[PDB]
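As structure tokens, one chain now follows by itself in the form solved without its partner chain.
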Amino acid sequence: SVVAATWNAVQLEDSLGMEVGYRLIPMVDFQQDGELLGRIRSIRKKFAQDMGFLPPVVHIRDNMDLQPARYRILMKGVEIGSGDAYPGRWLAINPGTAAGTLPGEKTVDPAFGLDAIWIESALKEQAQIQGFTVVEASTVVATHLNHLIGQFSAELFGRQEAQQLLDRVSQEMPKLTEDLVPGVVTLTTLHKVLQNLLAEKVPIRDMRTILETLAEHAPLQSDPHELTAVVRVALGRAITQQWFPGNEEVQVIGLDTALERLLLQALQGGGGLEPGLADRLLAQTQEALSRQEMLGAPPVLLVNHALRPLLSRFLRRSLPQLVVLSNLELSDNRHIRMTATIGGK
């Protein structure tokens, strides 16, 4: 009787959990209204169809030590996000364009930081005329969970997630899968290159091109560091058209003609720089980001292919918003213009 109570306090290990305040229990229980439950699997399906893999299910239950309207999202036990959701009220978000003001609790949306107001339902039509995006309560939690899942797509993608990706893809594409793992490339390294792509916001939707590429390079090379760059080049048209959608002008961040030279000889064995230059490199990268942001341009640093993996992991530990692309990853049929530069004069 009591013997099974002990083993189920210890059975816990949820890869993504959300603890909820008591007034947000209704939208979480199937017997009251499951409006958040339908929201959570809606966003889980889109993520499977936008990112490539199905995320671990969110298991949610109560926590009375937190305030009534506050939800906490946390990943395998460590906290990633939080915020308020008032079930009786609506969130009126302003994307800067809408005109005017509205009464109620002044706040900012939990995902992007836009100015927002919590409003009563009678004023729902008010904010819509003004141009404010009126958003329900269950949605604020779902949209914030969706945004935080995408920010942590790589970490959510563990060894067990790669195998169910293998399984799902092994049966529509059987000829590309039976010989591949563990024949060509091992499952350990197979998982680490798709995680490498997710950590740089590169989607995994096209598994065919990813596996077709591996069949040709992985037989006599299984460093996940080099296979990632090889796979990235194969996905080069999708990478281009997601940060440069359409056929407009590719305005990138560039490196100094002397810095890139000095940077190559560091890895080339002919002399690494003073540490102060490395901190100086980080400094102008921040100014290049804010510059490209002051002209309304994507935060893309277009780089020599040999320098791409280094500067990517070196500059994104501190500036995660930066995107570091290779010259081989950008398409041919695109006209380039450097708008910001790191290391100038």
The other form holds:
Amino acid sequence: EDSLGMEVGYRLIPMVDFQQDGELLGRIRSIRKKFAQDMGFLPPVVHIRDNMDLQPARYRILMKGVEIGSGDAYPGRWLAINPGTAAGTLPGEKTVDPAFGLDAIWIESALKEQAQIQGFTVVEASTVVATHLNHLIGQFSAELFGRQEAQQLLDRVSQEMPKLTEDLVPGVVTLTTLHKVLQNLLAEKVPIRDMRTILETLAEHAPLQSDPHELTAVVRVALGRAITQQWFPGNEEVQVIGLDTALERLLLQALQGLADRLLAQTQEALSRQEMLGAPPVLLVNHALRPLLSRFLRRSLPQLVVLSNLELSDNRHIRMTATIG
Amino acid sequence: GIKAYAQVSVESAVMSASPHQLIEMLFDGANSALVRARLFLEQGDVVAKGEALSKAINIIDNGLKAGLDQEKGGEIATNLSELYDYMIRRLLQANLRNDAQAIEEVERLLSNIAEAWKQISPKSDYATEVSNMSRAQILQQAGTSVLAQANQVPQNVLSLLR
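What would the structure be for the form deposited with its partner chain bound, given that what you showed me was the form solved without its partner chain?
Up next: the whole complex, starting with the chain shown before.
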């Protein structure tokens, strides 16, 4: 079916109709454009169909025919979202924002500025759906990168890197292996913009390495400074979580049961990262990095697992939490 | 979370905005700042009032007036420039004297121009007549007014509203 689909009620048709106002239609194209800018590839279009079986102000975000998000969106009304520290009381329809879980309320347009006086984040109706769609396509950025998205991306770099693409594909690296590696980067929130380094690293190690997961680890350490900057801009204080030096000698040995115990302590460590404002990054040895990444991020997708070989050495590093 | 809705509310609207729609966001952005500065002054928050007026002055000066084109605009651009200079001068007095009616007339003069600009999509008493002349020029002369005002960069509109 449709890789990216959206079903709306009849009240939401003016927001998705190009002949009418169409505010929500233009916002989707802006999110897709920034998607193509940040992650490095053109995602599939968001096919918008009307479904009269839904509620009038009801929308549904679809992916491969599977529902991944829904919520309410009232056109003429504004959504005043409470960050938790806003005072005062607003008249309207109390609800919860669909993209997250913050307390919000649908208010009239006349109370838009009045809600901002009391400390509310007031956004229009089309923004509520756009924010929900942008929050979802980021989580599924890897699933939106199919073989055709990799083939068109290979033809794009063929026009800009003919000397590298000539001998690389399909002789050294097949398109299936190339797509498998790039998707592994997208699965853990690292863009593939720097196609100079990705194809260059493959031209160095793929003649001696056929495992796509081993190629992913080698390509990832070549993009190490880029991954360091997306979580630690400038030369700030690197504030990561670390494993106990004992626990490393437990997981390394299992690599060579009580996994629920690991899950519990990892979730605590993420909670104390919210204090002082530190990213949910897990710095660990290069050997444990791929194993506990595909394990912890199943139930904790917001957790990011790093390696010592990809984190920049010449930087102010400091551990914040501890699993042990 | 909270910054996500605030970022999408501006970025997703600026990236898909035409040269005419970029000016609409400046009028709507300056209007909300004037109402905020008015409501802040009615409550006593002079600090928040000054912050809201500074944003409104920044949108009018470095956005609406900065987007004016003298050569391509002609009479429409200069008439708006004199009309924009009156707003900046009145808002500076509104912040220094804590005058609420000074914010209201600038809020009224901006609405008198923005309403004519929203209908031109492409396909004290002296200042009121200056805005009425600009309102008539925008409605009766469409393309020349777009050449006059619709000249702002999406990069500048974002920083003024973000």
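Under this definition, the rigid core comprises the largest set of C-alpha atoms superposing within 1.5 Å between the forms. Numbering follows the first chain given and starts at 1.
*For the list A154, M75, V230, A98, which one shows a CA move of 2 Å or more between these two forms after the core is fit?*
Only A98 moves by 2 Å or more at its C-alpha.
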